[PDB]
Amino acid sequence: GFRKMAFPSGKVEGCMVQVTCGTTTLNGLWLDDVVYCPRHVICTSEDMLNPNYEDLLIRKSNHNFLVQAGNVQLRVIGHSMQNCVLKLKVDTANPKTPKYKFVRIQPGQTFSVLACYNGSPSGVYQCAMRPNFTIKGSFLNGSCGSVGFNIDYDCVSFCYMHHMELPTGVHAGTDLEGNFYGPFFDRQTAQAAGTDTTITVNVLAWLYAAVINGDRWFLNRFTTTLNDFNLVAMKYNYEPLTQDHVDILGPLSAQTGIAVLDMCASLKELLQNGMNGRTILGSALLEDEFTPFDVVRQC
Amino acid sequence: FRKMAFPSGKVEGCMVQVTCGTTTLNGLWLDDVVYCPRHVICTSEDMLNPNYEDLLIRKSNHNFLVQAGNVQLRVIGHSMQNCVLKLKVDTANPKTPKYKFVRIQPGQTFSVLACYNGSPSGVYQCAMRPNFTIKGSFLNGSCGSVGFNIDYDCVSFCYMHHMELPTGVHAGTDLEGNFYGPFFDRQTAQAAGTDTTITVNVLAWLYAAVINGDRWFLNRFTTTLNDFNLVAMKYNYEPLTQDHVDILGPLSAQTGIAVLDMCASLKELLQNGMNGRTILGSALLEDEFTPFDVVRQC
Ligand SMILES: *[C@@](O)(CO)[C@H](C[C@@H]1CCNC1=O)NC(=O)[C@H](CC(C)C)NC(=O)c1cc2c(OC)cccc2[nH]1
Ligand SMILES: *[C@@](O)(CO)[C@H](C[C@@H]1CCNC1=O)NC(=O)[C@H](CC(C)C)NC(=O)c1cc2c(OC)cccc2[nH]1
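From first to last, the protein sequence lines stand for chains B and A.
Residue 300, in the authors' numbering, is where the first sequence stops; the numbers in between run on with no holes.
Residue 300, in the authors' numbering, is where the second sequence stops; the numbers in between run on with no holes.
Where hints are given, some of them may not hold.
Straight line, CA to CA, 25 angstroms or less: simulated DMTMM-like cross-link-like pairs of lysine to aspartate or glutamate [stated by the list, open to error]: (1) B:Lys102 <-> B:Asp33; (2) A:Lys102 <-> A:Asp48; (3) A:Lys137 <-> B:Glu290; (4) B:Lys137 <-> A:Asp48; (5) A:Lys97 <-> B:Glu14; (6) A:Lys137 <-> B:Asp216; (7) B:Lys137 <-> A:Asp263; (8) A:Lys100 <-> B:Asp245; (9) B:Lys102 <-> A:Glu14; (10) B:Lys97 <-> A:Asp153; (11) A:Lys97 <-> B:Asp33; (12) B:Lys97 <-> A:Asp34; (13) A:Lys269 <-> A:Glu288; (14) A:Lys90 <-> A:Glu166.
Because the hints were derived from the structure by calculation, they are not lab data.
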């Protein structure tokens with residue numbers, strides 16, 4: 002079996018709180034004695050239309066912020082702003098703070114999302130940072146401040162804080178230093194994303210996952226050069242495949258005994274011939290949201 | 003719409019490892035009892051055709067190694083209930099959530115927390131197929147991993163993992179140790195019955211499409227439940243039960259499309275095909291989203 006698998010979310014759930022300023026409420030992330038949340042919590046609905054954030058934040062006091070961890074109210078004893086993230090200092094340390102790091106992920110990398118509402122975790126699922134710096138998430142009203150993360154030997158690497166749903170239904174957010182992924186900004190305005198492309202290295206990793214799980218129907222006897230593959234890939238709005246990608250796919254090629262460029266010839270055939278109503282690992286579409294690491298970790 | 007698992011933290015705090023001899027798997031620690039698959043008592047040779055009652059005779063409390071991480075929990079009693087072992091331990095788990103044990107029906111979904119050596123590794127949604135298998139993702143050492151739903155902070159445990167079939171799907175028990183489907187906990191190649199499509203979930207999917215403005219497939223016809231069930235079975239679809247009709251109630255009321263009107267719409271999709279059209283951006287009808295899943299994502 003091969004499934005989209007998220008990291009266990011317990012270490013993050015114990016950090017989710019509710020942050021309220023006036024009539025505006027969203028989720029916050031509580032690590033040690035700091036609560037991180039989207040800065041537009043300070044805005045009224047009219048402010049979000051065209052906010053001058055530094056001007057609005059100087060007009061706020063500590064007592065303007067209501068932070069709730071479960072039923073407990075944590076007193077704000079300080080506040081600062083880092084790009085699009087608000088940092089609320091509280092008088093209580095979160096006893097459940099995990100070992101953690103803040104990281105900015107690269108396009109094509111995956112992370113688990115813990116969707117939260119009113120400070121309470123609701124569901125967990127896997128997302129990839131798209132090449133156009135959106136993510137195809139599942140987020141409703143009140144999900145802002147939900148975070149994305151990876152977990153490596155008990156250490157949580159936070160990489161995403163949720164801010165926005167674009168008109169097309171995809172999602173946009175920041176790293177935990179408050180810098181958006183993509184050309185987006187935190188204003189109540191309709192924003193279009195750049196043209197998205199398909200994460201080629203992930204499609205290849207996923208075809209390897211299919212072979213590891215006993216499916217080989219898409220393979221062929223042909224091969225290709227790296228450049229000839231990249232010409233066809235770009236024609237189909239796939240990202241270029243680099244030699245670093247070829248190397249990263251090494252273990253999966255070694256595990257299956259299928260040279261990377263042999264697998265590229267397979268994908269090239271799938272792109273030019275379609276799948277003709279057949280299916281790969283249950284999907285009628287070429288899946289690009291598993292990294293080579295996601296495949297290795299699960300297989 | 004996407005497969006969304008429940009947050010797993012309340013279950014992570016219950017996972018332990020259980021070793022007997024050199025055989026290690028996962029267990030579930032609730033209050034002062036640890037639940038785990040009974041084949042932990044088997045030697046690899048014993049798994050081929052085990053007599054569990056005779057095997058358990060030769061076992062005492064002191065043969066069982068229960069560890070939360072590396073911390074041993076002393077076993078003070080043991081008993082077998084169907085295919086699960088219940089180990090009484092001397093410590094009540096302080097992380098025990100409000101919980102119950104439930105036996106689910108085919109078509110219901112649940113989250114699986116995949117674990118190895120008592121350590122949670124990942125979480126994903128599964129659906130119980132009509133042939134009582136799940137399309138899981140399980141490696142060696144995963145037995146004892148559990149499936150669950152969370153409703154208002156109460157965790158309903160429904161699945162404990164035991165087996166991978168030759169076809170690569172998975173089989174297990176409820177938390178009273180009764181297998182889902184015609185399977186046995188022995189080292190033998192077992193086949194499941196032919197599977198079918200989960201009709202009630204396809205209907206839930208069509209409701210989700212209507213909710214989102216995608217309703218070209220709505221027809222001008224209706225059907226009786228009996229007539230629909232007879233036609234569905236000729237397309238390898240599950241027949242609907244009265245319980246299925248009632249769990250579609252909220253979606254029916256929300257859209258104003260009667261359940262039997264949606265059945266007639268599905269009946270036309272089965273007999274005439276989609277004619278190269280899509281529903282929620284897909285040529286295939288999805289059968290792994292329950293009416294509850296649709297409500298929770300919409
Ligand atoms: C937050 O929870 C805000 O606290 C909210 C999350 C989205 C709501 C629906 N789905 C979500 O993921 N985010 C927003 O509401 C943001 C707020 C900004 C950053 C100040 N705004 C949008 O996502 C937004 C605004 C508009 C829009 O206007 C006009 C027009 C079209 C799309 C759109 N998205
Ligand atoms: C547990 O980890 C075991 O404690 C393991 C989990 C599977 C291993 C690979 N993926 C899994 O989900 N379970 C087993 O190995 C069980 C043990 C039984 C219940 C005693 N056995 C099988 O899953 C099994 C045995 C055989 C078989 O024999 C011969 C032939 C074909 C398939 C098969 N599966």
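Hints versus structure:
Straight-line distance between C-alpha atoms of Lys102 (chain B) and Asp33 (chain B) comes to about 13 angstroms, which keeps the hinted pair within the 25 angstroms bound. Proposed proximity of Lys102 (chain A) and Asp48 (chain A) is contradicted: the alpha carbons are some 32 angstroms apart, above 25 angstroms. Between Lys137 (chain A) and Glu290 (chain B), the direct Cα distance comes to roughly 19 angstroms. Compliance with the 25 angstroms bound is thereby established for this hinted pair. Note on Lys137 (chain B) and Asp48 (chain A): the hinted pairing is violated, with a Cα-Cα distance of about 48 angstroms set against a maximum of 25 angstroms.
Between the alpha carbons of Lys97 (chain A) and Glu14 (chain B) the distance comes to roughly 14 angstroms, so the proposed pair stays at or under 25 angstroms and holds. Using a Cα cut-off of 25 angstroms, the hinted pair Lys137 (chain A) and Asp216 (chain B) holds, with the two alpha carbons roughly 15 angstroms apart. The hinted pair formed by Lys137 (chain B) and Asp263 (chain A) fails the criterion: a straight-line CA distance of about 32 angstroms is larger than 25 angstroms. A hinted pair counts as satisfied when its Cα atoms are at most 25 angstroms apart, and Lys100 (chain A) with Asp245 (chain B) does not qualify at roughly 49 angstroms.
Of the pairs offered as hints, the one joining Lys102 (chain B) and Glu14 (chain A) holds, with about 22 angstroms between alpha carbons and a cut-off of 25 angstroms not exceeded. Proximity of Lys97 (chain B) to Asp153 (chain A) is assessed by CA-CA distance (about 23 angstroms); at most 25 angstroms being required, the pair is judged to hold. Taking the CA atoms of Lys97 (chain A) and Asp33 (chain B), the gap is about 22 angstroms. The hint holds against a cut of 25 angstroms. About 24 angstroms separates the Cα atoms of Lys97 (chain B) and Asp34 (chain A), which keeps this hinted pair within 25 angstroms; it holds.
Taking the CA atoms of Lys269 (chain A) and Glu288 (chain A), the gap is near 15 angstroms; set against the 25 angstroms cutoff, the hint holds. With a CA separation close to 28 angstroms, the supplied pair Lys90 (chain A) and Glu166 (chain A) exceeds the 25 angstroms bound.
In terms of the numbered hints stated before, the structure departs from hints 2, 4, 7, 8, 14, listed from lowest to highest.
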